[PDB]
Structure formats: structure tokens, C-alpha cells
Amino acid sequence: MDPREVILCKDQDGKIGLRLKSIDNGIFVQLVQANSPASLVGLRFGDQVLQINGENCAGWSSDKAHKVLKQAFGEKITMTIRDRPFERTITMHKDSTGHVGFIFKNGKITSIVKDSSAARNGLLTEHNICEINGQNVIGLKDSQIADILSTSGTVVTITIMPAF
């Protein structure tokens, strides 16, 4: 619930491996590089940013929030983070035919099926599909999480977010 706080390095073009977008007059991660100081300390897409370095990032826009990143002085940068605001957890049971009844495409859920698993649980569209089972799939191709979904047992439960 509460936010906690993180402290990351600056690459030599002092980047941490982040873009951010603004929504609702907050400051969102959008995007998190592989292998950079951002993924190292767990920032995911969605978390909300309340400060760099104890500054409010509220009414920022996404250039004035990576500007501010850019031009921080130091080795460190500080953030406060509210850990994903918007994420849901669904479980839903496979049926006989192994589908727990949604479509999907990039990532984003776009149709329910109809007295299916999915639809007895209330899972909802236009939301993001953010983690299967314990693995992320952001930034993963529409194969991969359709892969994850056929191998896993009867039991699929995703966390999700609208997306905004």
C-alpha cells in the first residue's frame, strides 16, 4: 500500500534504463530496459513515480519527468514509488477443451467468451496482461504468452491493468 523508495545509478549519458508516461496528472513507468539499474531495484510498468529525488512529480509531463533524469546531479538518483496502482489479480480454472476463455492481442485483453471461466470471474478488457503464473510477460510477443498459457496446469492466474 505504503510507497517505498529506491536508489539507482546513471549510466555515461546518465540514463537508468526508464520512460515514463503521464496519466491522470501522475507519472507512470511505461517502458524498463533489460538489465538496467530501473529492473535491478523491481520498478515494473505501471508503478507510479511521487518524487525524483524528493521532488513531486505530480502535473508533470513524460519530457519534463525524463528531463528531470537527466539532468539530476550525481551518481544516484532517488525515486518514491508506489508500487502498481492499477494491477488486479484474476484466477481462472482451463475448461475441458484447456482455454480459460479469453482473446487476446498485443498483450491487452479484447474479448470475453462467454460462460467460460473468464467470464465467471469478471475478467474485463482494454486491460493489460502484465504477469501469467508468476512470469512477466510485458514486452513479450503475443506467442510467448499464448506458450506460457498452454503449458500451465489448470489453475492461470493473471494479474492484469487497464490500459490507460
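Residue numbers count along the first chain shown, from 1. First, how it differs from the form deposited in another entry.
- In the two-part rigid motion between the two forms, residue 90 and residue 29 are assigned to separate rigid parts, each C-alpha being placed with the superposition that fits it better.
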Given for the second form:
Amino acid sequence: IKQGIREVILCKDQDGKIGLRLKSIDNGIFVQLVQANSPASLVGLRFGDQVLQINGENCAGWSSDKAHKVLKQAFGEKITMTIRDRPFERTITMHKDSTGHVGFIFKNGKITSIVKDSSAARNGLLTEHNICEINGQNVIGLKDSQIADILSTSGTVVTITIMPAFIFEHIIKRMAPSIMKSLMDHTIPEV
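For comparison with the form deposited in one PDB entry, kindly provide the form deposited in another entry.
Keep in mind that what follows is only the chain, not its partners or any molecules around it.
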């Protein structure tokens, strides 16, 4: 989580696409969906990012449809957005026990239980939180099995980005769950 506002500059693809889906939360505008292999994925927009501006004009109070409308009508050689980094999320850093556990239980990507003497307990991991990222990778829509494997494949040190379930649910509506398994960029970032 970067604790300020950053700017990004977007360029429509061949198709006139930026690969981005926004959602009106609490009179902000927030990233509901980022498509793999898209300008938005390239410029490093993330699930749960706030869009403060688009081309200088402020996003306050705007409807999802409006924000989409604005992105369309704009001349696409250069779109400048102003982004607060995943405001609704935090990141927790755990260390696997020599059994390879960080030490929690989760179902549908929502952490349901924390285990005693676990790194997850020590680090103050919370339940009723939806897992958004692991080591930088968006894992939203992935089946619990696949998330489970990501945590398995990761090193000793694990990093989880989490989002209070009440908020996660509010964000990921107007979308099916295994649509998100498809559409949502789940790639490690390019460099």
C-alpha cells in the first residue's frame, strides 16, 4: 500500500479498450475489475484502487456508468488518472511454521479463523476479511484450492492483501464469481 496519490497515463489498445471496470463506493470511484493484458494492467492499476481523477476532472459522487461514459468519450492517446493506492486494503506479512502454515482458515477467499501460536495470530490477521492479493498477485475469483496452492508455492515469507468482507462484497457485485476467475488479471506483474 502506497500512502499517497499517484498519477498514471493510459493508452487505449487497438480495440479502444483500457481493460478496466470501475464501481461507485461511498461516493468515490473504485476499480472493480482489471483485465489481463490491458493498458490498465500495464500501468499497474490494481483491484480496489481509487480513481480520484480522470483528465483532471474529479470523480466525486460519480456513477459507475458515468465513469465508463467518460473513459469512452475521451481522446485515447493519453488518459491521465489520479489514483489512491488500494485504500480499503492493508497488507500483512507472515512467516510459515516449519509445517508450512501461516496459520488461518478461509472459505470463498474470506478468512474465517485464526490459529493459536500462528504467525497469522502474531501479526493480527483478522477474519471477515476477503483475500485480495498474495505476494502482489490478485487471487480474486480463483478457487479456494488454487489460492491454497499459491500459498503453498510461495516462499517462507507470505504477504496478503486483505479487504473487510463487508467492503469486498459491496465492490464485487454486478459480477459473477467465476467470471472474476476469468476476467480479473491474476498475473505476477511485468517489469
